[PDB]
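Form deposited without the partner chain, single chain, as structure tokens, below.
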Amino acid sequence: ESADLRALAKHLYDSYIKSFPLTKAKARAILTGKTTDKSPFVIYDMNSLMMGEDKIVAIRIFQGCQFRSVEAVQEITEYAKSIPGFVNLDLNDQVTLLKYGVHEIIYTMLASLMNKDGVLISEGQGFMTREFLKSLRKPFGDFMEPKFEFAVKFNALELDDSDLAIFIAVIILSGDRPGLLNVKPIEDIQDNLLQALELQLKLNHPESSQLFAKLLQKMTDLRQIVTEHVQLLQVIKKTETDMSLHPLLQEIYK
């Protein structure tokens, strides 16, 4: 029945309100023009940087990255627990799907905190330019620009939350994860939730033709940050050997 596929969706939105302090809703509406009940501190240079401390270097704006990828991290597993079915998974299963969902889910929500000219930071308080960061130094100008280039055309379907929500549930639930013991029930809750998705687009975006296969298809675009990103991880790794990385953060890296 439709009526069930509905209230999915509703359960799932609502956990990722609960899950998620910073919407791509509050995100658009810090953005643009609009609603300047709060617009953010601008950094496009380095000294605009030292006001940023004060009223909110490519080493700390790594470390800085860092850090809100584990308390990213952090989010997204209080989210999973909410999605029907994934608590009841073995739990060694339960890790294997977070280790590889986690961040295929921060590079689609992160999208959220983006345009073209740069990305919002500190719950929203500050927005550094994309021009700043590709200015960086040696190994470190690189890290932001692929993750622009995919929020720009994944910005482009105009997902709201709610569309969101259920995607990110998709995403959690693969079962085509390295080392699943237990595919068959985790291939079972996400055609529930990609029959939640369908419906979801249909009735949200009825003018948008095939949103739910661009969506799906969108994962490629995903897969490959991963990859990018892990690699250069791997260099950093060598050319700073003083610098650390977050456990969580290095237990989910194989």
Contents of the next structure:
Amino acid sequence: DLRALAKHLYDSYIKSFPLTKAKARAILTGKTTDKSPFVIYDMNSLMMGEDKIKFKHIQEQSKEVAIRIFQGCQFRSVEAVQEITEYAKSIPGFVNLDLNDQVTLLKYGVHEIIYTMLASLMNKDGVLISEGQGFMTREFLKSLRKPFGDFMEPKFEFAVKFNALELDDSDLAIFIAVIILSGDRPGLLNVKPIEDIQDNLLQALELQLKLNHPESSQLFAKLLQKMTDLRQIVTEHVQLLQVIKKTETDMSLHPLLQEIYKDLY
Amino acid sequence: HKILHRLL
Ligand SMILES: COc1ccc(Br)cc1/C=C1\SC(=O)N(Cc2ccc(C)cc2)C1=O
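Let's compare: the form deposited without the partner chain is above, so bring in the form deposited with the partner chain bound.
And the full complex, kicking off with our chain again.
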């Protein structure tokens, strides 16, 4: 039951998200047979890196570094929203909730989950990008001109402390699900059936952590505190974006992201 | 939330 639910969540988590934490840590610890990721630390290494990905993927693109990076960020975020949506629909009970509530949960859940999964791709020195084939240094990101130089920093700060807890993909699968099924999102119509799903997810999470992190009794408690922390990180990310939105006349926000940000905080 | 609704 609870062990069965943890297994089901792990399997769809693996199906919904290509680059897993296990895979990410192997790349970052050189514990991989693959070619090391190309490192990006300045103007010229960014250009070199882009040369290489011109042979892997593919209308408008700025010649200003910070805006171009932020545009690349937007498209990755859009692709994360899709993945997170397919994941949520795999959570037993979710798709049977009122549609307006489903939309609300994703609207408020999506960024919290993004910063959670981003942690997996980070260490204190930088972040993996493009499916793990590149690595952008933290310091290079801190150097970007305002207001973009401070865009990734709080996300690194979160991840450094979060990664200290050593969750693996199976823990993360349930943790994410608990976050999505929060009955205290603003504007929910039917709180009860959401809490009823979260209750069982919470139980599965507690059990999973007791079994796999036996040395850290009270890891459950510490995880629960992170879920709330994330709420304020998003809140402050959203304030940063309204600044960018108003003062950066060049770039245009992506429509899906506008949808999520609108009337949010 | 047009796009979100469609995703859902
Ligand atoms: C190199 O990254 C950057 C450098 C500078 C600036 Br300005 C913005 C970005 C990127 C970001 S922040 C963010 O939330 N996402 C979306 C995402 C969603 C889910 C996973 C797992 C990874 C990333 C990004 O791509």
